Amino acid sequence: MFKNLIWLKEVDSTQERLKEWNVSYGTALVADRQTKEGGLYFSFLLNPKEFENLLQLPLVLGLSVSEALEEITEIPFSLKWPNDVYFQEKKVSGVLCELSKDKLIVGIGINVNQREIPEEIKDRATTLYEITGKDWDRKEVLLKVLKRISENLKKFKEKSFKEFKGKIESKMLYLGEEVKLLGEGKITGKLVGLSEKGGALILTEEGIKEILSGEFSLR
Amino acid sequence: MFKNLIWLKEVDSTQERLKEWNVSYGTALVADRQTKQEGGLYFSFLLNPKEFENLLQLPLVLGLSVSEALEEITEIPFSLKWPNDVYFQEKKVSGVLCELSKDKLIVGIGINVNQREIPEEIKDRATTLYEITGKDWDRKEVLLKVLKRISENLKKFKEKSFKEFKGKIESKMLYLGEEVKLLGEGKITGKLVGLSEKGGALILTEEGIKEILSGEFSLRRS
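Listed in order, the protein sequences are those of chains A and B.
With the deposited numbering applied, the first sequence covers 1 to 36, 49 to 231.
With the deposited numbering applied, the second sequence covers 1 to 36, 48 to 233.
Fair warning: there could be bad hints in the mix.
[Unchecked claim] Sample of chain B residues with no beta-carbon within 12 angstroms of chain A, all distances over it, derived: (1) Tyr25; (2) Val30; (3) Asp32; (4) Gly51; (5) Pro88; (6) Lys103; (7) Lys113; (8) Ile133; (9) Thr144; (10) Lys146; (11) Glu163; (12) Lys202; (13) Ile220; (14) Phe228.
[Claimed, not checked] The calculated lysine-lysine pairs, modelled on DSS-like cross-linking and capped at a C-alpha distance of 25 angstroms, are: (15) A:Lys134 / A:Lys36; (16) A:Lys36 / B:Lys156; (17) B:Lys192 / B:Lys202; (18) A:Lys3 / B:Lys3; (19) A:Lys19 / B:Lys115; (20) A:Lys9 / B:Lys156.
[What the hints assert, rightly or not] Reference listing, derived: stretches of chain A covered by chain B, where coverage requires no fewer than 3 residues with Cβ under 8 angstroms from a Cβ of chain B: (21) 1-9; (22) 12-24.
To be clear, the hints were calculated from the coordinates, so they are not data collected in a lab.
Where a beta carbon is used, it is the ideal one built from N, C-alpha and C, also for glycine.
Model the full structure from these sequences, guided by the hints.
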């Protein structure tokens with residue numbers, strides 16, 4: 001579980017600082033805002061040897077965020093393969109797992125109370141305030157999310173991805189829908205689910221194709 | 001000189017944070033409060060130990076810098092109590108500390124901005140900008156202005172010398188021309204007549220002038 005919080009009013013980047021400072025496992029570096049109001053950003057370390065599959069990890073983390081956000085707001089969220097949390101077609105939280113030398117640094121951002129969503133992103137991004145019309149205590153949101161991550165990572169470590177695969181698939185945006193791999197005009201088809209290793213499975217004209225990276229969008 | 005800001009809500013001490021977490025020059029580590048209540052402004056930053064080897068002149072230049080910034084913000088004049096504090100009349104408003112940790116020179120500054128509760132235990136020696144001006148100031152504005160003054164003064168201090176500040180620092184010195192006592196590693200008593208070129212306090216004692224060059228002494232009115 002997370003036993004210590006280092007809360008910053010402002011900082012350049014939580015991911016970056018965890019690359020630079022030696023924080024202990026169980027510590028979440030939180031920031032009210034990152035300098036390259050209402051958002052929630054935090055990072056923490058994981059044992060790189062406990063999670064060697066960084067396709068499955070972001071999905072389990074995304075799942076954890078979606079579960080915590082629904083418990084707090086009562087609103088159901090989707091997961092966009094391979095690492096973001098969405099409400100319908102708009103992103104509410106982003107998950108990033110970075111391998112840096114000796115560390116596995118997890119970074120998560122959640123749009124909680126921001127009031128002004130630019131016009132350029134209004135169609136692809138949202139916030140809990142926008143979705144619910146209410147402000148939420150960011151620390152309570154953080155604690156709930158951290159507790160969910162703790163529980164799922166523990167079960168993930170003790171069992172396997174098979175404990176989350178089905179749940180993740182049921183929340184995947186575009187599941188069953190026709191999609192294309194952004195930038196790769198060749199790969200197009202129905203997104204049917206995930207491979208055992210966490211890869212996205214597309215049923216193309218010439219059978220199933222397992223995708224291990226990239227970004228999907230509806231056709 | 002300062003662009004990157006790391007602002008924590010609470011820390012043990014900004015000094016300690018900079019001892020543990022590596023930071024680059026130009027970065028200020030700020031905290032709303034230090035554990036060892049609200050309204051104060053505390054921050055630390057690193058300086059190159061090679062360009063500021065006189066840790067008596069340095070605190071006086073930093074104190075002057077803080078003094079100038081607060082005066083430009085509040086339009087109120089502040090005095091400097093040799094060798095590292097900023098005062099308004101007989102009460103402290105800001106303190107400066109310079110520490111040599113390993114191969115680093117960690118500078119720590121504290122400013123009483125909007126604190127509301129001043130214990131009777133120290134109301135005679137401590138005050139806040141709020142109590143003085145009766146208003147409440149944007150601490151980030153205060154910070155930015157102070158970091159700017161410090162940046163400008165250190166550039167010049169490093170380019171030229173203490174002679175550029177000596178006179179200005181002496182004219183703001185608390186107790187100048189009054190009977191004082193220095194305590195800490197011994198006791199020196201007499202009239203504070205000025206400041207030396209080395210940044211030492213000039214005391215007229217029964218044995219004539221004594222130039223205090225140690226920063227381990229506390230200067231207080233007699």
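Okay, the hints, checked on the actual structure:
1. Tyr25: 14 angstroms, holds
2. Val30: 8 angstroms, violated
3. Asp32: Non-interface label on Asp32 (chain B) violated, nearest chain A Cβ at 7 angstroms vs cutoff 12 angstroms.
4. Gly51: 14 angstroms, holds
5. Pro88: 31 angstroms, holds
6. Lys103: At about 26 angstroms from chain A, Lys103 (chain B) clears the 12 angstroms cut-off, so the statement holds.
7. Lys113: Since the minimum Cβ distance to chain A is about 16 angstroms, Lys113 (chain B) lies beyond 12 angstroms and the statement holds.
8. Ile133: Answer for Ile133 (chain B): holds, closest chain A Cβ roughly 27 angstroms.
9. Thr144: 24 angstroms, holds
10. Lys146: Check passes; 22 angstroms lies beyond 12 angstroms.
11. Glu163: Check passes; 23 angstroms lies beyond 12 angstroms.
12. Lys202: 46 angstroms, holds
13. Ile220: 49 angstroms, holds
14. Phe228: Fine: 36 angstroms to the nearest Cβ keeps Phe228 (chain B) off the interface.
15. A:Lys134 / A:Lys36: Holds. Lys134 (chain A) to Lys36 (chain A) sits at ~20 angstroms (cutoff 25 angstroms).
16. A:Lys36 / B:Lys156: 22 angstroms, holds
17. B:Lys192 / B:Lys202: Holds. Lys192 (chain B) to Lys202 (chain B) sits at ~8 angstroms (cutoff 25 angstroms).
18. A:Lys3 / B:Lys3: 32 angstroms, violated
19. A:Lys19 / B:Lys115: 21 angstroms, holds
20. A:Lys9 / B:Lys156: Holds, at about 19 angstroms.
21. 1-9: Holds: 4 residues of the segment 1-9 of chain A have a Cβ under 8 angstroms from chain B.
22. 12-24: holds (count 4)
When held up to the earlier numbered hints, the structure conflicts with 2, 3, 18 and fits the remainder.
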